[PDB]
Amino acid sequence: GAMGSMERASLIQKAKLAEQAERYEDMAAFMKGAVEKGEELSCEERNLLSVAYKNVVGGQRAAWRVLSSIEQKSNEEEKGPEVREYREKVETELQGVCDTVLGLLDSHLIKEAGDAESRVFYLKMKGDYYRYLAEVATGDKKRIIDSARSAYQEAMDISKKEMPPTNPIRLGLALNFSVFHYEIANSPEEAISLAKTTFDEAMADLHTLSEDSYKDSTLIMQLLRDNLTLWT
Amino acid sequence: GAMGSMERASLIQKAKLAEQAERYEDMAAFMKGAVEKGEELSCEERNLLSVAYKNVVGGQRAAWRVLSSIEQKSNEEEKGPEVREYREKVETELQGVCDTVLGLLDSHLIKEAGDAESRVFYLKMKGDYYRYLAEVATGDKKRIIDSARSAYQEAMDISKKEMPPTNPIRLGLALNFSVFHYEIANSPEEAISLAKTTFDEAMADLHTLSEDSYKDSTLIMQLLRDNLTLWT
Amino acid sequence: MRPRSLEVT
Amino acid sequence: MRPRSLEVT
Ligand SMILES: CC(=O)Nc1cccc(CN)c1
Ligand SMILES: CC(=O)Nc1cccc(CN)c1
Ligand SMILES: [Ca+2]
Ligand SMILES: [Ca+2]
Ligand SMILES: [Mg+2]
Ligand SMILES: [Mg+2]
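Chains as they are written, first to last, in our numbering: chain A, 1 to 232; chain B, 1 to 232; chain C, 1 to 9; chain D, 1 to 9.
Extracted from the complex, chain A is given alone in its bound form:
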């Protein structure tokens, strides 16, 4: 890696500067270099890793959807191979970013994560990046969907045993697993059931929270409510 020669602490410092500068490709490269030092990540460092890669793949996914829409419209005047070629280029780069994140999780972030807050976060990330692979998959599509489901399910099982129903990681996991069920697995009723149960169990535990914890949990509950409004 091009970051091998940089101190861990300097890569984390530069990841925070790259986030201020909205330089997300740089931020991801810094955080990849930090993970490759081989030490476990703190909570704040896990959040830097996730912000960096979510912003990089977010741009790729948005671009892929614009190009896939143009391609679908072309296939309903012949304009040649260029729309397909360029959608394929962006797709291959998106797949490559997803494979990079999956490879960091498999070598060796998940296996060295023993605390529920790290293990659930990494397994959610594994589900999310398989989900992004599944969004573009047409060929192993079933096995990619099962890989997303399996990671989300293991994260869910640990989260329900080890975390309160208001824990923001547990909430964001359930939110993203419900999107998986609705958009990827063609299970809208599973999506709606999981969002409603998650919202209701969280609402009944808000009384236990500080004002700051309450704000963190209710922000994510509002996303569950927004999806249930969209879906019902």
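List time: in silico DSSO-like cross-link candidates among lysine-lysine, alpha-carbon distance up to 27 Å:
1) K16/B x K73/A
2) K89/A x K37/B
3) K79/A x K89/A
4) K16/A x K73/B
5) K16/B x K79/A
6) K141/A x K111/A
7) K196/B x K160/B
8) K111/B x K142/B
9) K16/A x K79/B
10) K89/A x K16/B
11) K16/A x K89/B
12) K37/A x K79/B
13) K215/A x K196/A
14) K37/A x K89/B
15) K37/B x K79/A
If we take Cβ atoms under 7 Å as the criterion, some of the chain A residues that face chain C in the derived model are:
16) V51
17) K54
18) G172
19) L175
20) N176
21) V179
22) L223
23) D226
24) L230
Under 8 Å between C-beta atoms, here's a sample of chain B residues computed to sit facing chain D:
25) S50
26) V51
27) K54
28) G172
29) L175
30) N176
31) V179
32) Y182
33) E183
34) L223
35) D226
36) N227
37) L230
Derived from the structure by calculation, the hints contain no laboratory data.
All C-beta atoms in this analysis are idealised placements derived from N, C-alpha and C, irrespective of residue type, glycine included.
Add chains B, C and D with the ligands to chain A, keeping to what the hints say.
Relative to chain A, chains B, C and D with the ligands alone:
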């Protein structure tokens, strides 16, 4: 070049798709490949070249300014070399994009531009990318500023001889030369005089325009007026 | 049209 | 604070 094997028309098509997808680095690479085919660029192709590189350097300049602000604040608790290193990294990449655009103009877009509308557009671009070099220059700073001034001046001299005062290229040239004078050359009075004369001479020629030409010219005149409001 | 997934800050 | 240069579309 990695675009050597792609047809000119396919590079232009993909530049337009990259613009729809907000993939500006790709759009710039496509348009660099198109310029390197060696044929002159049409009006619409010149606009694709300028949109692509303005968006790429625009992100770099915004990032550089955030990092330069943090660095200046650091130099007023010691946090090590990392802010300077990362500002230098972004600076070097910005300089590299500016050198790439300047190299396209010098090899061979300007010398093969004989029409006023192409020649003025390329010379304005030459001034703009020297201006972006001058924004980060501390070491040849004077020679970079003179290079920007010389390109803008030659574009101005051709524009005043060959184009009406409402021509959008002539207006945008004068707008950017006034920003050069205000922000780079420490000549705020030259900036204000050029913006006021440009605005007034354009206003007196609006009567000659179609509704669509009127809309194009007045949009740019509003930017001149916004700067004169800021400056006076 | 598309549902909201976790929005990361 | 910063002035407007040509905004490219
Ligand atoms: C940066 C980041 O990923 N934050 C975050 C916040 C709340 C929840 C989750 C996922 N359960 C993630
Ligand atoms: C894409 C682009 O550069 N457009 C544009 C429009 C109006 C004026 C100018 C420069 N005089 C440029
Ligand atoms: Ca070390
Ligand atoms: Ca050819
Ligand atoms: Mg039903
Ligand atoms: Mg005065």
